[PDB]
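In this view, the complex is presented without one of its protein chains, the others remaining in place.
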Amino acid sequence: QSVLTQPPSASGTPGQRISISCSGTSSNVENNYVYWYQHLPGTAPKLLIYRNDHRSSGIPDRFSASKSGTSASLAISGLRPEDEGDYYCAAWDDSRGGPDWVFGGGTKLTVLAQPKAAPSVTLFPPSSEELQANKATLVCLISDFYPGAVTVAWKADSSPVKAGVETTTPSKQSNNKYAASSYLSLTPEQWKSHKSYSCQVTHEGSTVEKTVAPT
Amino acid sequence: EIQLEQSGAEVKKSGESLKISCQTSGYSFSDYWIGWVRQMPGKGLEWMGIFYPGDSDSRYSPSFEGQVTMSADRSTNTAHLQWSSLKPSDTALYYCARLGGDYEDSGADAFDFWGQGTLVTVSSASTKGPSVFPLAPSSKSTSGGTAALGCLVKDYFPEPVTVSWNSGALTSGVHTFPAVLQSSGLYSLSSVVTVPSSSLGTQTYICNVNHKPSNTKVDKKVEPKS
Partner (left out) sequence: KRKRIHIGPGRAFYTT
């Protein structure tokens, strides 16, 4: 109930219209008031839309929002570079019989200033020096991607791995594309027990992977 | 004109107490709820709770119940968030916001005016030099042309660590990644270099790592696998 789901990422070129979606439940989006926030670098969250679809005073007409059922959505027409940043939906949730405020996970909006670039993925298994020291670290290096957001998932054989994963935020390279790294800590015994381990990277709805084997 | 002004950045050691502040301007402090919002590094905004200065009423998100204390004094128009025992996991950006909107004659429902935020950094780590491990190239002469080799620099504190290749003689195709900050409070990073596969037998690649906080200097030869 107390969960508003948004897509992680969105993008368009200057002058285009884009739409950001928000998915909730019968305890929030469906009957209660929904709000929309802009979060730009160096500044506090800024109220765009209140109570489903009213523009906050001073908000330009090119911002609008609506909702149907458990879904709400924010539209921005005439996309401009300064629109680039994070957008959050939010709602009142009544699952506890009182007023709880929930934010959606947010969506990173990139105003496209260069062509899209798929990520380069390099995956290194544990070194033999580390394994001799009784540790094991999988290293997944992700670079040259634009827009600057990926999702990383690790698999043990075909099975998902929660435990032991450490991932960085993306950071700007000197070419203005982005870089990130993810790490998987295991025992030597776990590393040896499986057929393979994989680093899966999702960028712009497109998923790739690299796989390493002890054999 | 309505403003909330938050107190400055905090760098604390774990276990230390901290009260951060939000001072409000331009309306009756007693009459409106104040909300608190956390943003963890690399994550989204998260609601902590709300506090009503008029009568000290409160609502905490389930995850924040018992973990933190919202208060205010009406003698200074200042809302507070207190931790007696700061944990590394409290490391974040904290916003204060008024619950308002004034859309009707009564009540409130939107967080309208926000503070500029307060950064809070908490660490439990002691200074430690890295262990450096070689990232062996997938190896021999291939007509996918190139090979990626590198060094894993693990478990150090604090930042920064410098990384060279071949005592600075090799800069072409080097990419040293920003470090990851682990839950242990320690850092790890990797540097990788892309080279011709035809060079693997002839050329020696050595990464030179320096962690001055610990006086740790390591040169690690990265040979091909066998």
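The first chain written gets the first letter, and so on, giving A and B; residue counts start at 1 in each chain.
The definition used in the following text is that a contact is a pair of C-beta atoms (placed from the backbone, for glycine too) under 8 Å apart; a residue touches a chain by one contact, two chains touch by 3 or more.
Student: Tell me which of A:32, A:38, A:137 or A:181 is the one touching the absent chain.
Tutor: A:32
Student: Which of these, B:44, B:49, B:100 or B:150, touches the one chain of the complex that we don't see?
Tutor: The one listed residue touching the chain not shown is B:100.
Student: Using the touch definition from the top, which of B:5, B:31, B:65 or B:73 touches the missing chain?
Tutor: For the chain that is not drawn, the touching residue is B:31.
Student: If the hidden chain were put back, which residues of chain A would touch it?
Tutor: 31-33, 92, 94, 98-99
Student: Contacts of chain B with the missing chain: which residues?
Tutor: 31-33, 52, 54, 57, 99-100, 102-104, 106-109
As a working rule, only the chains that are shown with their structure count from here on.
Student: Using the average of all C-alpha atoms in each chain as its centre, how far is it in Å between chain A and chain B?
Tutor: 17
Student: Which residues of chain B touch chain A once you look at their complex with the stated criterion?
Tutor: 35, 37, 41-42, 44-47, 50, 59, 61-62, 95, 97, 101, 103, 109-112, 114-117, 131, 133-136, 148, 150, 152, 154, 175, 177-180, 182-183, 188-190, 192
Student: Would you pull the chain A residues touching chain B in the complex into a rising list?
Tutor: Answer in residue numbers: 33, 35, 37, 39, 43-47, 50-51, 54, 56, 86, 88, 92, 96, 98-106, 122, 124, 127, 129-130, 133, 137, 139, 141, 143, 166-169, 171, 179-181, 183.
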